[PDB]
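Listed here are the chains, written in short residue letters.
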Amino acid sequence: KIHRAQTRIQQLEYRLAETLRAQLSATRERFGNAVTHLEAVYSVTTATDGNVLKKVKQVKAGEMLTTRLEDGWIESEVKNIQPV
Amino acid sequence: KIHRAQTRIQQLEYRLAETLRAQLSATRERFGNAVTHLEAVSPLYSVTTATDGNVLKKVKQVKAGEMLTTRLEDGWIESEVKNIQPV
Amino acid sequence: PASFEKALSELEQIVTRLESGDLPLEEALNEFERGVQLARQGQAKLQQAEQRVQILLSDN
Amino acid sequence: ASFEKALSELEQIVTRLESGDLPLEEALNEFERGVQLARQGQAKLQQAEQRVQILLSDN
Amino acid sequence: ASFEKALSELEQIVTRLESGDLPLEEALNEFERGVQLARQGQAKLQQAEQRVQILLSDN
Amino acid sequence: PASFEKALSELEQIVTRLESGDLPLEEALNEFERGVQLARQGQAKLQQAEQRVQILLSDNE
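Chains as they are written, first to last, in the entry's author numbering: chain A, 356 to 396, 406 to 448; chain C, 356 to 399, 406 to 448; chain k, 8 to 67; chain l, 9 to 67; chain f, 9 to 67; chain e, 8 to 68.
Hints may be right or wrong, so weigh each one.
Unchecked claim - Some chain l residues judged to face chain k by a derived CB distance under 10 Å, without partners named:
| hint | residue |
| --- | --- |
| 1 | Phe11 |
| 2 | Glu12 |
| 3 | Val43 |
| 4 | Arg47 |
| 5 | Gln48 |
| 6 | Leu53 |
| 7 | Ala56 |
| 8 | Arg59 |
| 9 | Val60 |
| 10 | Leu64 |
As the list claims (entries may be wrong) - Here are some, though not all, of the chain f residues that point toward chain C, as calculated from beta-carbon distances under 8 Å:
| hint | residue |
| --- | --- |
| 11 | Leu18 |
| 12 | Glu19 |
| 13 | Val22 |
| 14 | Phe39 |
| 15 | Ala46 |
| 16 | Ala56 |
| 17 | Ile62 |
Said to hold, decoys possible - Result set (EDC-like, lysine to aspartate or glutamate): computed pairs, CA atoms no more than 16 Å apart in a straight line:
| hint | chain 1 | residue 1 | chain 2 | residue 2 |
| --- | --- | --- | --- | --- |
| 18 | C | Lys356 | k | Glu57 |
| 19 | f | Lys13 | e | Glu68 |
| 20 | A | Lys356 | e | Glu57 |
| 21 | C | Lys443 | A | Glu427 |
| 22 | C | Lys419 | A | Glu439 |
| 23 | C | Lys424 | A | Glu439 |
| 24 | C | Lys421 | A | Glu434 |
| 25 | l | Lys13 | k | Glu33 |
| 26 | f | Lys52 | e | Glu34 |
| 27 | l | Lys52 | k | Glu12 |
| 28 | A | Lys443 | C | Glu441 |
| 29 | A | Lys419 | C | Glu434 |
| 30 | C | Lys418 | A | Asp435 |
| 31 | A | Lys421 | C | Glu434 |
| 32 | C | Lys419 | l | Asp29 |
| 33 | C | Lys443 | A | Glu373 |
| 34 | A | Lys443 | C | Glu384 |
| 35 | f | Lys52 | C | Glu384 |
| 36 | C | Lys356 | e | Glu33 |
| 37 | A | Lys418 | f | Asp29 |
| 38 | A | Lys419 | C | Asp435 |
| 39 | A | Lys356 | k | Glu12 |
| 40 | f | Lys52 | e | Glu33 |
Keep in mind the hints are simulated off the structure, nothing from the lab.
Beta carbons are placed, not taken as given, at the ideal position from N, Cα and C, and that holds for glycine.
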């Protein structure tokens with residue numbers, strides 16, 4: 356009788372550990388996935413020189429520029445340079 | 356002795372399941388992380410805004426006679442839209 | 008205080024509610040905290056009984 | 009607050025940034041609130057992992 | 009090919025893409041290559057959890 | 008074919024190499040199948056030995 360009582364407690368103990376492991380593992384993934392989405396998170409503007417504008421140093425006081433939106437691209441020439 | 360041997364195998368069968376479940380959840384979490392990063396590409406850097414401060418996300422709104430202001434990391438530049446080439 | 012019989016049914020109550028799954032993290036861990044202590048207590052008593060029978064069956 | 013509540017806010021912050029209806033004035037204003045939730049939210053999950061490993065040990 | 013290869017290739021495409029080096033025209037083309045790897049990574053991971061499920065189930 | 012003790016040696020060496028967690032998935036998982044075969048195979052033989060003693064020890068007709 357004692358041997359079969361020991362095994363019954365043995366099985367229950369492992370089930371407790373397993374059930375919590377997966378429930379803890381699920382919460383880690385959803386929280387991990389959420390933070391990566393937040394950590395990662406417009407328009408694209410390119411000069412005639414083939415560069416993607418990244419610094420006002422590239423600009424020239426009266427040079428053309430083109431920008432591309434989700435539809436196509438337009439262009440204009442810089443009129444006032446106001447870096448801050 | 357037999358009941359001792361049944362306990363041994365019961366103990367070892369659990370370690371076998373807890374070892375694999377650990378390996379598998381590690382690779383799922385790292386792969387699931389990598390897909391959201393690839394998805395985290397939102398529009399597909407600069408921002409183009411109209412004089413009124415109202416955004417333009419569809420080029421056809423432009424009037425071709427307005428001084429759009431584009432804000433970049435270091436500052437903003439302004440110019441008048443004159444020609445268009447929709448795609 | 009609790010006999011061995013009611014320790015097993017008490018454990019059965021905890022395990023079944025836990026894997027039902029609808030439990031917040033704060034409460035689940037508190038339930039899991041009582042769970043292992045109860046199982047660890049019940050294990051000790053059976054070891055005590057196992058020793059007694061061995062010393063009773065043996066000539067000594 | 010509760011861990012579940014912490015997530016409930018964080019998830020609704022990200023879906024707002026996805027929508028894009030928020031200009032840069034306020035879009036950046038909510039990125040600073042989201043990160044503090046993430047830092048403190050991350051601490052409580054790390055604490056829980058240590059409570060499971062202590063109990064599952066030999067003592 | 010190997011599953012571990014798929015992740016390693018995917019990561020290098022992700023890291024290089026976040027660096028912002030490429031132009032938009034080519035930048036898309038690797039993002040097209042990105043979804044090829046992603047959908048076969050999920051396919052292999054799904055079949056892995058099925059095999060463990062059938063073996064370890066009481067059935 | 009293998010003895011019962013060689014079954015325990017086989018399972019022991021499988022669990023040890025696996026728990027270091029340093030194998031390819033398609034290899035480590037494929038070996039996990041063998042582990043449950045030995046455990047399921049070995050367990051059954053102790054069902055037959057445990058029952059033989061009960062019939063032999065009890066006053067079976």
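Hint check results:
1. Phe11: holds, 5 Å
2. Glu12: holds, 6 Å
3. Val43: violated, 22 Å
4. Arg47: Violated: closest Cβ of chain k sits about 18 Å from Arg47/l, beyond 10 Å.
5. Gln48: violated, 15 Å
6. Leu53: holds, 8 Å
7. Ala56: holds, 6 Å
8. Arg59: holds, 6 Å
9. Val60: holds, 8 Å
10. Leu64: Hint holds; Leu64/l Cβ to chain k Cβ min 8 Å, cut 10 Å.
11. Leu18: holds, 6 Å
12. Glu19: Holds: closest Cβ of chain C sits about 6 Å from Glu19/f, inside 8 Å.
13. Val22: Holds. Min distance 5 Å.
14. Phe39: Nearest chain C Cβ about 7 Å off; hint holds.
15. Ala46: holds, 5 Å
16. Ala56: OK, holds: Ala56/f within 8 Å of chain C, min 7 Å.
17. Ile62: violated, 14 Å
18. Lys356/C to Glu57/k: holds, 15 Å
19. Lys13/f to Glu68/e: Violated, at roughly 65 Å.
20. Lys356/A to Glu57/e: holds, 15 Å
21. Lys443/C to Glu427/A: holds, 14 Å
22. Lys419/C to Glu439/A: holds, 15 Å
23. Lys424/C to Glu439/A: holds, 13 Å
24. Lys421/C to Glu434/A: holds, 11 Å
25. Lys13/l to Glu33/k: This hinted pair holds, its Cα atoms lying about 12 Å apart.
26. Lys52/f to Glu34/e: With Cα atoms ~14 Å apart, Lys52/f and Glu34/e stay inside 16 Å; holds.
27. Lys52/l to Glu12/k: Violated: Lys52/l and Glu12/k sit about 37 Å apart, past 16 Å.
28. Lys443/A to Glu441/C: holds, 7 Å
29. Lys419/A to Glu434/C: Holds, at roughly 8 Å.
30. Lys418/C to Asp435/A: holds, 9 Å
31. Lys421/A to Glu434/C: holds, 12 Å
32. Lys419/C to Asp29/l: Status holds; Cα separation ~14 Å.
33. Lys443/C to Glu373/A: violated, 67 Å
34. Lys443/A to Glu384/C: Violated, because 50 Å separates the two Cα atoms, which is more than 16 Å.
35. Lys52/f to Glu384/C: Cα-Cα ~14 Å, so holds.
36. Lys356/C to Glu33/e: violated, 37 Å
37. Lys418/A to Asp29/f: Between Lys418/A and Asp29/f the Cα gap is close to 12 Å, so the pair holds against 16 Å.
38. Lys419/A to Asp435/C: Holds, because 7 Å separates the two Cα atoms, which is no more than 16 Å.
39. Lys356/A to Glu12/k: holds, 13 Å
40. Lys52/f to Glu33/e: Judged against 16 Å, a Cα distance of about 10 Å means the pair holds.
Going through the hint list in order, the structure does not satisfy hints 3, 4, 5, 17, 19, 27, 33, 34, 36.
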